[PDB]
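Visitor: This is what each chain is made of:
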Amino acid sequence: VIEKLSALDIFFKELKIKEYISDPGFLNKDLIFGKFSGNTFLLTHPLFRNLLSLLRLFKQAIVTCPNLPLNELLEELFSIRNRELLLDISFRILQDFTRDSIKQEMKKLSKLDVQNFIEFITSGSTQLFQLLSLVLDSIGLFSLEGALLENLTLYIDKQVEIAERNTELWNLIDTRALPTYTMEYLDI
Amino acid sequence: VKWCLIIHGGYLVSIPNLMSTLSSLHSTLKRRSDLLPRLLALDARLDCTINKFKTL
Amino acid sequence: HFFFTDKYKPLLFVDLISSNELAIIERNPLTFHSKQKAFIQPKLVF
Amino acid sequence: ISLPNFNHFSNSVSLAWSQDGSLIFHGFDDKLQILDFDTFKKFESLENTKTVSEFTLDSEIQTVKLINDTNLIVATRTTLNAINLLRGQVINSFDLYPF
Amino acid sequence: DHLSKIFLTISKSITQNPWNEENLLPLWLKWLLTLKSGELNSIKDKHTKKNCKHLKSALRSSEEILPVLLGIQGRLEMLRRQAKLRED
Amino acid sequence: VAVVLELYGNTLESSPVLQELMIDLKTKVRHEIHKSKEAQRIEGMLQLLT
Numbered sequence: 460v461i462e463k464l465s466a467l477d478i479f480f481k482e483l484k485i486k487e496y497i498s499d500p501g502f503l504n505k508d509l510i511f512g513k514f515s516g517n524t525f526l527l528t529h530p531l532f538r539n540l541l542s543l544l545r550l551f552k553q554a555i556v557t558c559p560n561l562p563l564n565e566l567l568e569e570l571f572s573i574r575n576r577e578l579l580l581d582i583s584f585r586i587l588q589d590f591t592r593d594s595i596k597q598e599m600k601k602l603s604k605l606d607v608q609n610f611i612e613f614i615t616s617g631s632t633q634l635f636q637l638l639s640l641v642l643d644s645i646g647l648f649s650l651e652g653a654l655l656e657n658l659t660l661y662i663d664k665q666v667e668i669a670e671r672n673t674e675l676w677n678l679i680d681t711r712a713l714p715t716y717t718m719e720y721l722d723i
Numbered sequence: 502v503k504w505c506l507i508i509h510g511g512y513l514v515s516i517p518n519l520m521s522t523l524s525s526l527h528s529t530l531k532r533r534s535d536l537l538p539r540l541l542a543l544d545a546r547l548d549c550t551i552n553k554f555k556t557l
Numbered sequence: 731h732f733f734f735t736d737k738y739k740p741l742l743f744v745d746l747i748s749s750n751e752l753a754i755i756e757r758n759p760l761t762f763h764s765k766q767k768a769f770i771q772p773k774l775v776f
Numbered sequence: 599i600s601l602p603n604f605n606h607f608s609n610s611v612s613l614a615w616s617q618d619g620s621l622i623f624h625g626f627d628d629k630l631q632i633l634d635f636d637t638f639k640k641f642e643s644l645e646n647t648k649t650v651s652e653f654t655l656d657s658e659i660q661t662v663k664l665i666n667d668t669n670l671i672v673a674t675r676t677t678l679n680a681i682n683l684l685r686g687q688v689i690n691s692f693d694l695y696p697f
Numbered sequence: 428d429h430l431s432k433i434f435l436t437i438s439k440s441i442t443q444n445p446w447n448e449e450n451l452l453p454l455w456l457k458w459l460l461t462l463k464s465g466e467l468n469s470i471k472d473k474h475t476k477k478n479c480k481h482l483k484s485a486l487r488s489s490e491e492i493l494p495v496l497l498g499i500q501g502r503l504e505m506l507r508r509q510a511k512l513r514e515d
Numbered sequence: 463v464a465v466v467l468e469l470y471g472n473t474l475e476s477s478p479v480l481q482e483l484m485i486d487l488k489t490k491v492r493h494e495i496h497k498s499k500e501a502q503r504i505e506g507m508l509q510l511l512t
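Chains as they are written, first to last, in the authors' numbering: chain UH, 460 to 467, 477 to 487, 496 to 505, 508 to 517, 524 to 532, 538 to 545, 550 to 617, 631 to 681, 711 to 723; chain UE, 502 to 557; chain UD, 731 to 776; chain UQ, 599 to 697; chain UI, 428 to 515; chain UO, 463 to 512.
In case anyone wonders, no lab produced these hints; they're calculated from the structure. Where hints are given, some of them may not hold.
Pairwise CB distance ranges, derived in the manner of DEER restraints [said to hold, decoys possible]:
id: 1; chain 1: UI; residue 1: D428; chain 2: UQ; residue 2: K629; range: 52 to 62 Å
id: 2; chain 1: UO; residue 1: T512; chain 2: UH; residue 2: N657; range: 35 to 45 Å
id: 3; chain 1: UQ; residue 1: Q687; chain 2: UO; residue 2: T512; range: 40 to 50 Å
25 Å max Cα-Cα, derived DSS-like pairs, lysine-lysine [unchecked claim]:
id: 4; chain 1: UI; residue 1: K471; chain 2: UE; residue 2: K553
id: 5; chain 1: UH; residue 1: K664; chain 2: UE; residue 2: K503
id: 6; chain 1: UH; residue 1: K463; chain 2: UH; residue 2: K484
id: 7; chain 1: UE; residue 1: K503; chain 2: UO; residue 2: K497
id: 8; chain 1: UI; residue 1: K483; chain 2: UI; residue 2: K463
id: 9; chain 1: UO; residue 1: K488; chain 2: UH; residue 2: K664
id: 10; chain 1: UO; residue 1: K488; chain 2: UE; residue 2: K531
id: 11; chain 1: UI; residue 1: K457; chain 2: UE; residue 2: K553
id: 12; chain 1: UE; residue 1: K553; chain 2: UH; residue 2: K596
id: 13; chain 1: UE; residue 1: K553; chain 2: UI; residue 2: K476
id: 14; chain 1: UI; residue 1: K511; chain 2: UE; residue 2: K553
id: 15; chain 1: UI; residue 1: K457; chain 2: UO; residue 2: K488
Idealized CB from N, CA, C, for every residue including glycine.
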């Protein structure tokens, strides 16, 4: 396999022509050299060089990349492309790294992007709301706009009421003889 | 507790051992939050049967 | 042709009050006035 | 206490203990960790000889066992790998997919 | 079964718009449930129940959302109090 | 209480006193709703201050 990769069964044939539990189990038993030479097959290897991966397949990395640094992940999240990448990379960062690590990363991160994202979320998801908690904790309590505070306040108020009655309706969908005289009829 | 945290938040930021100094508070509020969701489910069941026998 | 109803097992008097008003006089013996204190024989329900 | 909060959940978790108690191996799904015991933080080496504590693996890690302070055998859901600890060099590997 | 068809349409629309700020559809739903839940359950066995589990999954996601949201609500309130103390 | 009501649904209607017992139960459990939600807000600013 190493010789085939350097000169470049289904994956080896595809690599030769171009030049996954079964695939990782047959191609992971050298690996660093193969990955460097490679840098489809790359997606499978990522399924099976953190700076290179960050600079780089985008969805494949953001879902299944083994090495992924906080700074580049927060930059990619803070891009305003918004192709559901907000949920995807919020899930990815909460799956990969710790609360205090994200806190200190956002401490490093500039406040202008923080304000931009507060505006974006207030204008137009529990991972996202956890990220909002994290970013408020990282910005702390001193530097933050009162107007943006009030916009986020009304946003969060309508959101808490919608979540409340949503929970109520969720649980809701989760859910003697004849009297002293009766005025009765009869057939024939 | 709300006013304490409001008027002395910075000292709590400066202190190194927040868990070590508010473990008891944390336990109380954590158990209250854990009570929350089942309580709301109970509320939904309640007002369900409430309105049910109020209309009938 | 004829008919017979089983809707009235307890009944004391059947008659015609008027041309088309029947009267059926029934009982509610145990459920209303006696209310007798009876020996407990519980049912194993589970 | 080391208290991460990971959104995902996978019970494929294991830990091994260095015989001197300095470090703890943690086999987590598709990841190997080595945690310093003095503070429950990552195994930081000032010399930076690529003896890192974040090792990627193909499948969910089932077992991680150190036979001594030098040899570590890890068995993941598809294979098994024997590696050195003083030097980050792999020695042996065998398959679990056929069986 | 006109009420059943209304239920079907309401459930489909609610699933399509889980975060709709309107309340008329939820309130119609909750009256309909608190009145005729049993006959609802006895109507159908496959498609209505599959839609029910879809919507219930969405609602459980919303319930998961709720507590962090309340926490940030408290964050906003305490920041407001901090601003009040700042201006005083 | 949930199982007792799920069994004795219509008897709640037939018996009048149990209805207002339920009413005060609703009032107090809404009070506890407020307590628990304020506790969740407590969660929020403690997680901020830590």
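Visitor: Looking back at the hints listed earlier, which ones does the structure fail to meet?
Guide: Result: hints 2, 12, 14 break, sorted rising.
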